[PDB]
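**Q** Chain by chain, the residues:
4 protein chains.
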Amino acid sequence: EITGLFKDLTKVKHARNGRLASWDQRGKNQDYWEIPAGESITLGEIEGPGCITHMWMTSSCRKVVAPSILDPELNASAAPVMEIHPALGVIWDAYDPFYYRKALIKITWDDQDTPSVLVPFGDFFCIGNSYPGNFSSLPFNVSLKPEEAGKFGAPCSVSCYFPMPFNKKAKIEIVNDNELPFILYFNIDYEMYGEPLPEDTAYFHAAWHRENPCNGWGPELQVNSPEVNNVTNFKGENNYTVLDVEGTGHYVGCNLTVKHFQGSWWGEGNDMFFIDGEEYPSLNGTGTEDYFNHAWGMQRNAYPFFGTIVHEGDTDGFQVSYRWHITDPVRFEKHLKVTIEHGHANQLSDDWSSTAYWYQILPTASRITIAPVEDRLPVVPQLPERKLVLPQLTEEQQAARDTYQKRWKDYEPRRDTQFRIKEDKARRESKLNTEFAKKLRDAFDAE
Amino acid sequence: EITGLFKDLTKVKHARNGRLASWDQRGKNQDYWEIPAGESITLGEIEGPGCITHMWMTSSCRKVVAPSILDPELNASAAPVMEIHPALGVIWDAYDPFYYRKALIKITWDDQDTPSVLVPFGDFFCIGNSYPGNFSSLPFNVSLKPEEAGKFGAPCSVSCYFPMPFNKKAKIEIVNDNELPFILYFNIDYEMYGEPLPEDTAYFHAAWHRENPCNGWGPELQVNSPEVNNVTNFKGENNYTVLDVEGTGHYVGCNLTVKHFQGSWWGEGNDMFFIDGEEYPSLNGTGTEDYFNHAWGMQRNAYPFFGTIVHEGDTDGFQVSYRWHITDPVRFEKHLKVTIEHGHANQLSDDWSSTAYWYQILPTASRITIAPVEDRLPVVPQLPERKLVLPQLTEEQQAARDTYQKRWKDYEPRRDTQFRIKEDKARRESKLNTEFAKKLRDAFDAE
Amino acid sequence: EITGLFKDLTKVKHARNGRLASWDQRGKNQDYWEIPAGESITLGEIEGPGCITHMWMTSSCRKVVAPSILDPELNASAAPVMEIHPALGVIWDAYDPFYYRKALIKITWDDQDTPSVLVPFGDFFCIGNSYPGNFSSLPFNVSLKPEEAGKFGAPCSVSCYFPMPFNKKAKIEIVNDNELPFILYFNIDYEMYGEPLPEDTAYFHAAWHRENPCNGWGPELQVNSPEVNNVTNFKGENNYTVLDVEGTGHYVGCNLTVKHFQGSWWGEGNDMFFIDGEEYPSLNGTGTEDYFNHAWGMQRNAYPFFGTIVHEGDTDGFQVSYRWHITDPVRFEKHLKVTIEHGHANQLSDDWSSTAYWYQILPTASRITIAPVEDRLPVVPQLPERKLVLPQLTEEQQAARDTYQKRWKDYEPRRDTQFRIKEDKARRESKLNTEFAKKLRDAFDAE
Amino acid sequence: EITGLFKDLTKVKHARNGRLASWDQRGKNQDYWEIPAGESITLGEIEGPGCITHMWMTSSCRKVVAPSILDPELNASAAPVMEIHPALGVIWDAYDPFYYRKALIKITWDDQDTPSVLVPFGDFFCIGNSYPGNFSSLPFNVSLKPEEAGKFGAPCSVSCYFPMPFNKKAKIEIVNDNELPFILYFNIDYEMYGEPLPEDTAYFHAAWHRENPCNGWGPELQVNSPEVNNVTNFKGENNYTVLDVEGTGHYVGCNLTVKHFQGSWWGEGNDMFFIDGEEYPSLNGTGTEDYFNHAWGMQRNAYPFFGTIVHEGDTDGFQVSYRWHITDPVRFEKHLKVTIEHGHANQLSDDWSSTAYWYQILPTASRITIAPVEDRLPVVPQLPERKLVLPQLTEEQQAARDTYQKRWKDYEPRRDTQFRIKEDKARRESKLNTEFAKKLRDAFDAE
Ligand SMILES: OC[C@H]1O[C@@H](O)[C@@H](O)[C@@H]1O
Ligand SMILES: OC[C@H]1O[C@@H](O)[C@@H](O)[C@@H]1O
Ligand SMILES: OC[C@H]1O[C@@H](O)[C@@H](O)[C@@H]1O
Ligand SMILES: OC[C@H]1O[C@@H](O)[C@@H](O)[C@@H]1O
Ligand SMILES: [Ca+2]
Ligand SMILES: [Ca+2]
Ligand SMILES: [Ca+2]
Ligand SMILES: [Ca+2]
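Residue numbers (the entry's author numbering), protein chains in the order written: chain F, 3 to 449; chain E, 3 to 449; chain D, 3 to 449; chain A, 3 to 449.
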């Protein structure tokens with residue numbers, strides 16, 4: 003009979019599709035949710051048994067910083083994002099650079115008392131450092147326009163093909179720790195099953211970590227100096243920790259964001275895997291790019307199972323990398339610790355953050371935590387404070403300043419009102435999304 | 003034991019390879035078929051049980067438009083396509099622009115009364131608008147030389163890796179509705195099985211559709227104006243129809259060719275899927291690029307499961323896109339309607355054409371039809387006619403024109419004869435292909 | 003329940019991960035082996051039952067050609083490869099151009115009296131002609147820096163995802179026929195199983211071949227001339243042979259390196275497959291790029307199942323191509339001969355070399371042999387020997403020459419000593435890798 | 003003493019700078035003129051003796067096609083050009099494609115009864131076919147953003163460094179034959195002399211011509227066919243005419259716009275120059291790209307004295323080329339005819355237009371004339387008429403259409419009012435420019 007990776011297309015399954023989407027439930031063209039500031043919102047709850055098969059999202063986070071001559075009430079029903087150059091003098095909706103780190107995606111399975119996915123919104127979808135890079139891999143993709151590329155908080159399309167099965171419940175939320183609301187478009191595709199999945203089905207988990215700085219013993223020594231290279235590290239007690247989880251499952255890989263400070267090479271450190279509580283690692287690697295299957299540094303390649311999302315050569319000292327263990331998972335019966343030396347023998351004190359992805363049987367024994375929002379922001383240089391003192395103003399210059407400020411006082415509250423109306427639609431459609439998914443489950447189960 | 007997408011490589015299967023190919027059955031180097039004008043030709047018939055595993059093709063359609071100083075009889079045995087610049091003045095075989103829409107690929111399973119695949123030759127192989135774009139995806143690939151790219155009817159290699167099981171019969175035909183013959187190279191690889199395929203085996207299906215113009219209510223209104231955006235559309239009675247099919251199976255995606263007329267954006271319309279006769283769509287999308295897993299327009303990306311084949315930014319207003327639902331298929335027990343609003347709430351009157359791909363158990367309940375050839379040609383701007391008046395001619399210029407017309411009246415019928423000869427080879431090898439596949443079937447079944 | 007190519011991620015397997023790596027077992031930052039000149043070295047032996055799931059390697063081979071002002075003893079403990087421009091006048095470690103062809107990879111399964119893999123180190127990893135090209139495919143990848151690309155012996159990352167099951171034993175070796183040692187970094191991942199694999203399990207095999215020159219009847223005749231194209235070849239006695247193997251299994255593809263001499267096109271020859279001892283080929287192709295799923299020449303494309311690794315357009319007359327038959331394998335019960343005509347009807351006398359990959363049930367019936375190292379080297383044009391005569395020397399010029407000669411006489415032997423020390427580390431780590439793999443085997447089976 | 007092309011920087015000149023500019027004479031930031039539709043406007047008149055040394059311009063011509071949610075009265079005081087994507091739904095100011103051909107630049111010297119420069123605005127500044135290309139040469143330059151390039155009527159900066167001496171008067175005018183007004187920014191630099199120039203001083207002249215179609219004897223014969231190539235032409239009576247002028251002076255070159263119809267090569271025709279009424283040309287060229295100092299076609303090169311502005315390989319069949327005879331001028335005592343064969347022996351019937359540049363002693367003997375606006379428009383292919391029909395409209399769709407039509411009824415006249423006010427400023431500043439230029443002249447002469 004039929005073999006190979008396409009074989010399942012040649013047999014029918016009695017499974018019912020459903021979809022959680024930001025679709026405009028007024029039937030109009032606002033097919034996005036305005037996610038409120040400082041709030042969690044449920045994209046949907048799905049009753050199992052079923053499986054998530056595909057996620058697509060895109061997003062925008064703009065801060066109103068100047069009055070516009072665009073009617074704000076009518077503007078609210080036009081295109082949702084005013085991609086208009088500030089030089090035209092007619093509007094200024096600035097880019098919020100770090101909104102991908104200020105928002106989390108949170109997934110809970112089977113009404114467990116802990117989430118199984120708790121990751122910044124960006125990093126989950128392989129946006130490191132809140133700074134998108136255009137790439138394709140087999141389970142994750144980012145479609146980023148070249149004219150939006152190379153800035154913090156650039157808009158782009160994200161897609162996830164990692165399957166997420168659940169016997170009883172799926173609850174998918176966005177946690178917005180931002181002071182600003184943001185626009186989220188999403189299509190979360192699943193299928194519902196007519197019979198339970200095997201009780202030992204492995205469920206999709208993801209967790210985020212940052213060490214900033216890494217606790218390096220030699221940050222001021224040149225990388226690859228004879229003195230650094232002859233230091234020993236076997237047990238890897240101080241290694242950067244990608245994942246430290248208790249249970250039965252397999253790790254399926256990571257993304258890694260590195261901001262490197264000395265301007266040599268951040269990546270001499272070995273991956274070291276500790277399976278099921280062993281004291282010394284059974285799986286020893288050779289270097290950090292080596293783990294990501296590049297060599298002599300990272301290259302501007304993004305391959306199905308590994309590579310570069312954002313290359314250091316294109317940025318102010320930061321790299322985003324990924325490797326998927328899809329046909330080569332790292333398996334564990336009791337425990338897995340995934341580590342990488344942060345520089346050779348933990349020499350360096352760079353800014354490392356990572357998303358770890360794994361599958362495991364429930365219950366989820368490890369309690370997944372997230373650093374608070376103030377520990378999630380990119381490290382960026384800052385212009386020194388310039389204490390501008392106004393020259394002597396003509397009456398004409400003072401009246402321009404006063405007229406503009408009066409426009410700003412009238413305009414900003416009118417935009418605020420339009421934001422509040424859209425946030426109301428989001429909270430309303432959150433409920434509707436869960437209600438329709440319940441109706442779909444019940445109608446499917448009834449036959 | 004062995005898991006992951008490569009696992010079937012680790013176990014033998016008692017199945018016998020065969021291949022339908024345009025190989026030169028004289029044993030010489032004309033390993034192509036001259037497909038005759040206005041005729042159908044059978045690439046081959048294969049007795050089941052078996053599965054199509056791979057198709058590769060390439061093609062050329064030239065029109066002789068000028069006399070050549072190349073001996074036409076010897077020229078017939080040189081390379082099959084005279085890629086010689088018209089400025090050399092020695093030959094002119096002009097490119098036929100729309101031959102990809104004028105020819106169909108037609109596949110009938112198990113001696114059914116209706117084809118299960120009836121699609122223009124281009125569109126089946128993800129050439130939209132008879133206008134190749136270079137790209138790769140998991141099931142379909144086009145390899146297009148940059149020097150041939152950017153023109154109607156460019157030569158290129160096409161490859162398909164969608165499996166096509168059949169229990170009783172496969173009949174693969176080209177329907178050439180062109181006034182010209184065209185050169186076809188092909189390799190269709192299949193394997194033969196020793197036992198029947200299960201009765202719930204889903205068979206490969208594809209069908210082509212166009213709405214030109216779409217029935218837009220606001221083609222002259224600016225896209226994303228507040229008036230357009232506050233129109234409602236829940237039921238999608240007037241949505242563009244990608245697929246409307248009765249049976250049990252699953253949709254596995256589409257290509258979509260859009261020629262956009264107003265010069266704004268064509269893509270605001272939501273995908274809406276109607277499963278198993280439901281009145282309101284159960285699967286609600288957010289936008290057309292969103293369905294194709296891009297955002298804020300389409301990008302010049304072609305990923306394994308989605309993207310752009312031909313970008314609007316490179317063309318005279320047209321886009322060719324695809325999405326594959328290989329791990330996330332849209333299943334149906336009785337019926338499936340795959341629709342997309344043509345602009346938000348079907349505002350727009352653009353030229354939309356699509357290839358829908360799906361698998362279903364037999365029988366093919368739905369008679370698959372195709373629009374006639376006059377309805378399949380790309381919409382292109384035309385130069386105004388120029389009623390050129392010859393100047394007063396010198397004797398020398400009159401002699402040149404007469405000598406050239408004489409050369410043309412001798413040369414064209416010599417080229418016509420060489421075409422007719424190659425067409426007799428194609429008709430001969432059609433029969434031989436089916437005879438050999440029968441020998442191979444009988445020898446395999448004897449052992 | 004769960005379907006599609008990711009499905010195996012949703013079930014746990016009670017299998018234990020292991021890895022053979024070049025990790026520094028002093029715990030320091032020499033995570034590479036200095037592979038000795040004219041020696042074989044075991045990367046590791048693993049006791050089955052198990053499966054290789056992933057290999058990553060990179061390599062460097064430099065010849066010391068000038069004295070350095072870098073302290074040679076300290077330099078041994080710095081970065082392993084001195085990528086320092088010779089115009090600085092401080093060091094010169096020249097690139098060894100053909101080391102990819104002078105070293106072999108050699109894999110023996112279940113203690114058989116033949117290796118099952120015996121292929122030049124480069125060709126195995128889809129580096130043809132000892133001349134890397136940057137590309138991705140589903141099973142094999144090369145990540146080559148653009149700065150390093152376009153030369154013989156360029157450093158690059160290689161990865162292999164073809165699974166390699168074994169019930170009793172895996173033995174992975176490098177055979178270095180080079181007069182120079184070379185640096186090898188490697189990570190070889192596998193999993194160990196608690197029960198045997200089915201005895202009918204198909205084992206990974208690969209073998210290498212070269213015809214230089216091919217035995218052409220008409221190398222001086224223009225390709226695609228009428229005289230060439232009307233020559234017949236049905237039976238393919240003189241076809242280039244990619245593979246000729248007795249057993250039960252399936253061919254999963256090749257790489258092919260062609261150096262072309264006449265400056266026209268090397269690729270008119272058809273693939274012809276002979277299954278189970280048939281006299282005439284049952285699988286006839288149409289041309290060599292056609293086999294590689296390109297058309298009208300090879301393109302600068304590398305797609306998941308086929309394409310170009312190195313494009314003839316970018317070199318001095320040579321191409322490196324691949325095709326993978328992963329979902330479309332060529333199966334055989336008794337025998338398989340994979341051939342391609344070398345030019346149409348074997349017209350041409352070019353330099354062809356290939357790696358064939360297949361799976362088969364044990365035993366390996368025939369010894370896999372390899373051409374000796376003198377027959378494995380790329381064909382490169384040579385500068386005529388420029389018999390330089392020194393002019394009359396000033397005393398200062400003579401003293402400069404003597405001083406330099408003297409530095410070289412002291413420096414070279416100090417670099418030799420440092421190579422011998424690293425070679426001793428490789429031989430020591432060879433034994434430790436096998437001992438650790440046995441400990442892991444025993445501790446796994448103990449549970 | 004000092005030599006070379008820089009030498010004149012080492013000697014002072016008792017000459018006064020002046021400048022005609024579109025500077026905002028309200029002292030605000032509208033430093034452009036809205037040139038009224040269907041009017042001429044004087045950029046300025048300058049009393050001699052003096053010399054124009056430098057001209058810079060840019061321009062914009064938008065058509066309001068949709069209602070804006072931008073307040074139009076406030077919008078008039080923001081940036082002058084709403085470079086805002088129509089897909090945002092907030093504004094639509096469409097590009098007018100042919101304004102470069104609908105407006106002329108007209109310069110009259112010494113109050114003569116003819117202009118000495120009468121050339122379409124675009125063509126004068128080496129914008130051919132109302133289609134800018136980015137380039138630099140010694141006397142003319144275009145700086146065109148890549149984002150704006152590849153479209154009719156793209157905004158770009160133009161600069162002219164040809165000197166224009168005048169003993170008595172310079173009058174510089176724009177002649178706007180467009181139905182639409184357009185924005186013009188300009189800076190025209192000159193110096194004023196304290197004594198007359200020698201009376202024999204040669205004055206700058208330019209004239210424009212178009213032959214569409216050219217009067218070809220053989221447009222349907224393949225270019226470079228032996229029949230075409232053996233037709234003779236010594237006297238060039240039917241040659242394309244770049245310049246045909248009576249006086250004493252020198253030709254300093256041309257730009258040439260060709261739209262080529264047969265898709266071979268337009269450029270086999272020789273330049274032939276007839277000096278001082280000779281019957282047979284004394285200067286015989288070899289081909290059209292040869293005249294332009296390219297070969298085997300035109301290249302994407304733009305060099306100080308010659309090259310390509312717009313390359314045929316980037317357009318729908320049209321090329322724009324230039325040559326400057328700055329050190330190699332073509333001198334005449336009584337008469338010059340500059341001709342080029344329109345294809346070999348005037349075979350072809352393509353669309354040729356040119357700007358000829360020359361210097362000559364006054365008087366300008368013959369009126370410089372120009373084809374009327376309807377004879378100046380690029381030849382472009384036209385889409386067939388779409389004859390859309392509205393479907394049956396919902397009450398909602400009808401209400402949206404009525405609301406949008408009402409917004410447009412109100413909005414368009416509001417934009418018309420703002421254009422009329424800016425046109426009043428242009429007419430006002432025309433007078434002020436000439437008044438100020440007279441005050442400068444008188445103040446300088448007083449000194
Ligand atoms: O890729 C080989 C080695 O080169 C260096 O960049 C190290 O990080 C690595 O282990
Ligand atoms: O990608 C987000 C949204 O942007 C617009 O171009 C819409 O087509 C889409 O719904
Ligand atoms: O790809 C079509 C044909 O063109 C030539 O390059 C041949 O090698 C091939 O069979
Ligand atoms: O450049 C040499 C010759 O090549 C052809 O394109 C002719 O137009 C020209 O005279
Ligand atoms: Ca290391
Ligand atoms: Ca929408
Ligand atoms: Ca052939
Ligand atoms: Ca000529």
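Hints were generated in silico from the structure; no laboratory data involved. Do not rely on the hints blindly, as some may be mistaken.
Identical chains share a label here; the pair holds if one copy fits it or two copies do between them.
Taking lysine-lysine and the DSS-like style, the derived pairs with C-alpha atoms no more than 25 Å apart in a straight line are [said to hold, decoys possible]:
id : residue 1 : residue 2
1  : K441      : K336
2  : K171      : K9
3  : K9        : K170
4  : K433      : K173
5  : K441      : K170
6  : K441      : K15
7  : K15       : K170
8  : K433      : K237
9  : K65       : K339
10 : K170      : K424
11 : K30       : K408
12 : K237      : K65
13 : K440      : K336
14 : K339      : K15
15 : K147      : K411
16 : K339      : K13
17 : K339      : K30
18 : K441      : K65
19 : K147      : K9
20 : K15       : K147
21 : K389      : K13
**Q** Work down the list of hints and note, for each, if the structure agrees.
**A** Each hint, compared with the structure:
1. For the identical chains of this complex, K441 and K336 are inter-copy neighbours only, at 19 Å across copies versus 39 Å inside a copy, given an alpha-carbon limit of 25 Å.
2. For a Cα distance limit of 25 Å, the shortest separation of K171 from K9 across copies, 19 Å, qualifies, whereas the shortest one inside one copy, 29 Å, does not.
3. When the C-alpha separation of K9 and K170 is checked against a cutoff of 25 Å, the pair qualifies only between copies, where the shortest distance is 19 Å, while the shortest distance within a copy is 28 Å.
4. Taking the shortest Cα distances, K433 and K173 sit within 25 Å of each other inside one copy (12 Å), while across copies they are farther apart (51 Å).
5. For the identical chains of this complex, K441 and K170 are intra-copy neighbours only, at 16 Å inside a copy versus 41 Å across copies, given an alpha-carbon limit of 25 Å.
6. Proximity of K441 to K15 under the C-alpha cut-off of 25 Å is restricted to the intra-copy arrangement: shortest distance 21 Å within a copy versus 36 Å between copies.
7. Taking the shortest Cα distances, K15 and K170 sit within 25 Å of each other both inside one copy (20 Å) and across copies (23 Å).
8. Within a single copy, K433 and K237 get their C-alpha atoms only as close as 50 Å, which misses the 25 Å cut-off; across copies the closest is 21 Å, which meets it.
9. In this assembly of identical chains, the alpha carbons of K65 and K339 never lie at most 25 Å apart, being 41 Å within a copy and 41 Å across copies at closest.
10. For the homomeric pair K170 and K424, neither the shortest alpha-carbon distance inside one copy (32 Å) nor that between copies (57 Å) is at most 25 Å.
11. For the identical chains of this complex, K30 and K408 are inter-copy neighbours only, at 21 Å across copies versus 34 Å inside a copy, given an alpha-carbon limit of 25 Å.
12. Neither within a single protomer nor between protomers do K237 and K65 lie at most 25 Å apart by alpha-carbon distance, with minima of 48 Å and 36 Å respectively.
13. Taking identical chains as interchangeable, the C-alpha atoms of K440 and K336 lie at most 25 Å apart only when they sit on different chains, with a minimum of 22 Å there against 36 Å within one chain.
14. In this assembly of identical chains, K339 and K15 lie within 25 Å of each other by CA distance solely across copies; the values are 18 Å between and 37 Å within a copy.
15. Taking the closest pair of Cα atoms, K147 and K411 never come within 25 Å of each other, the shortest separation being 35 Å inside a single copy and 37 Å across copies.
16. For a Cα distance limit of 25 Å, the shortest separation of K339 from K13 across copies, 20 Å, qualifies, whereas the shortest one inside one copy, 39 Å, does not.
17. Taking identical chains as interchangeable, the C-alpha atoms of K339 and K30 lie at most 25 Å apart only when they sit on different chains, with a minimum of 21 Å there against 49 Å within one chain.
18. For the identical chains of this complex, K441 and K65 are neighbours neither inside a copy (38 Å) nor across copies (52 Å), given an alpha-carbon limit of 25 Å.
19. Neither within a single protomer nor between protomers do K147 and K9 lie at most 25 Å apart by alpha-carbon distance, with minima of 35 Å and 32 Å respectively.
20. Taking CA atoms no more than 25 Å apart as the test, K15 paired with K147 passes in neither setting, with 37 Å inside one copy and 41 Å between copies.
21. In the homo-oligomer, the alpha carbons of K389 and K13 never lie at most 25 Å apart, since the shortest distance is 70 Å inside one protomer and 47 Å across protomers.
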